[PDB]
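Okay, here we've got a single chain as structure tokens, the form solved without its partner chain, with questions on binding and movement later.
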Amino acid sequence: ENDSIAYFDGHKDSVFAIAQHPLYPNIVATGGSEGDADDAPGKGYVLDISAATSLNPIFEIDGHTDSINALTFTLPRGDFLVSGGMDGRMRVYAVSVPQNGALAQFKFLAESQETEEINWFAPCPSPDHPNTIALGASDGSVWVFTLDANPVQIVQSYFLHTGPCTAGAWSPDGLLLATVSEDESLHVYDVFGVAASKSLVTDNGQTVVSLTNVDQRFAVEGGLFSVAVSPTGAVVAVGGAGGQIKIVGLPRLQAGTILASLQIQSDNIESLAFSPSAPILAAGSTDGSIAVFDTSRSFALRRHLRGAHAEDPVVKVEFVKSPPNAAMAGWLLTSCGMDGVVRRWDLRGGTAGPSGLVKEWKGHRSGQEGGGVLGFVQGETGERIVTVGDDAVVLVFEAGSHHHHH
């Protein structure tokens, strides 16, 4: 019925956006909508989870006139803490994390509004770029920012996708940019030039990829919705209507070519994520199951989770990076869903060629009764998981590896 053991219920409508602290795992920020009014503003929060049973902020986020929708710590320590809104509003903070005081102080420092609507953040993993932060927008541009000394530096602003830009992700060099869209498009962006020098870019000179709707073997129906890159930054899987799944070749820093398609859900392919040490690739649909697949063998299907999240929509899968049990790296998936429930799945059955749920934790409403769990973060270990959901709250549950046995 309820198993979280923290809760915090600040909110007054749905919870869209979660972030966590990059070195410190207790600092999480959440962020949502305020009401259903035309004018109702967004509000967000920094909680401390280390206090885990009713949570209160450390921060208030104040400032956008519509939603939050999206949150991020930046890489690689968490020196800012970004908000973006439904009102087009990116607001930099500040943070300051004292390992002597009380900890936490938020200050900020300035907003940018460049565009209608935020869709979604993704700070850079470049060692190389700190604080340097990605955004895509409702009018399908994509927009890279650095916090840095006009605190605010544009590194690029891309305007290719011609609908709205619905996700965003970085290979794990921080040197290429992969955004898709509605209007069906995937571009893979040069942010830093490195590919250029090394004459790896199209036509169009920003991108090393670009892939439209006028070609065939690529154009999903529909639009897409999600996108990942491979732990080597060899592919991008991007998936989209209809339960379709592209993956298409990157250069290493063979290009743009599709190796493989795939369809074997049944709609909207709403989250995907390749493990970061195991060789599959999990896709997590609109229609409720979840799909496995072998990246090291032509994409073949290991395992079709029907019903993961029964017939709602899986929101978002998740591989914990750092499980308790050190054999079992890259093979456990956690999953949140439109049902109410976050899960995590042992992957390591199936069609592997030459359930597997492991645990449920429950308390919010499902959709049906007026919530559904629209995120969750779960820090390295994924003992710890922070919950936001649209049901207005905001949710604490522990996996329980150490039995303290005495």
The other form holds:
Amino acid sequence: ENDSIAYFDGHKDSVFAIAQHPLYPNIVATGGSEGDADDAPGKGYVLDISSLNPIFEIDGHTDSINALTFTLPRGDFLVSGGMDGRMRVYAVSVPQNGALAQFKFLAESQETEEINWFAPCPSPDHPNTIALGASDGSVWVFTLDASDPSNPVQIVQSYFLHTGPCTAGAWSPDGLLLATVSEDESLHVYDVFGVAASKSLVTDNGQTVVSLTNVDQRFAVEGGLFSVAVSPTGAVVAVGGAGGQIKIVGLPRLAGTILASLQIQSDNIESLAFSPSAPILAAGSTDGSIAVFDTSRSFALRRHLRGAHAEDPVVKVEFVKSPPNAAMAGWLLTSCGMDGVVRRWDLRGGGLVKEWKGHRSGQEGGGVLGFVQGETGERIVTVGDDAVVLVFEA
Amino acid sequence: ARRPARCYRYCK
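Could you switch over to the form solved in complex with its partner chain, since the one displayed so far is the form solved without its partner chain?
The complete assembly is shown below, putting the previous chain first.
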């Protein structure tokens, strides 16, 4: 069964990365591998989903493209990050009722050897700021200023606190704090713009408001941390890790106490998401289940969706920000998995809304490795291990 | 080209 309304098969191998323009959800960039041979480079494309033909091509990566992001608030830049450690920065123009979006390569840098993720800063005060986490554990924050393309990239921060690979990062809603986690079990929440330090709310390293490591027995998740999310008020951060473990840690408002410890699921928590408007946290696990916790009730278990993606890993969960059906605002969760399926859930109960097939399953060389769904969730664009990009409608 | 760490986590 194939439920897609459009597709893109331009990638020669697995597609690992996807990003979406924050103003124009039809503009999507995808990135991945051109093959498993050493002489096979990475490759990215930009698509307009409004068989798809790309409107731009991202070359220059000698290894797989692993991370992509458009900048906030307006998508003035598109940035790619590779397993070669290259960060390539493109300026983005979207004509009013001129024509197709246009892209211009501005700059390339190589601050790390391998980029694991990007996250754009949501602070309205600091437009075109992005963070990345790398295999060397470092976390970098960059600001992009198109004026002076002799140096359009400026370094806001370069943190070297994690030792092992930095697996995930999440900004607080006000964009002043950046929470990152590592394979070495540490959590650091950086005071990116110095505000916390000015209010005497940073730790002894002068850089974080929270720093927790393997030596902290109440916190340590044996086997590593792989996911992180920050609550919509910025009051807490959730970290997810090996063994199905989740830790909830307090943040200063603009701290570092364990507010709850969760272990309903049985294997790696690969994805965490707070609902933007309902008092719930969703967690996706390598064991194929999703668990939903009530954030106003000491993270009491609301529901355990076993076999949400059979016994195949749940790769990503994400709430629909503002669905057209406003009654469901905050309660609609989209998930994707190595079963090759995308699903959407109604989390009001204590619930499958839709499922979209088309990708091969993991055992056939497929699985869904990522997706975007815009603000409304009405179009879902996927990237697959089977080298295909699919478009579904809600 | 290589596969990211997370893919190796998913695979078993």
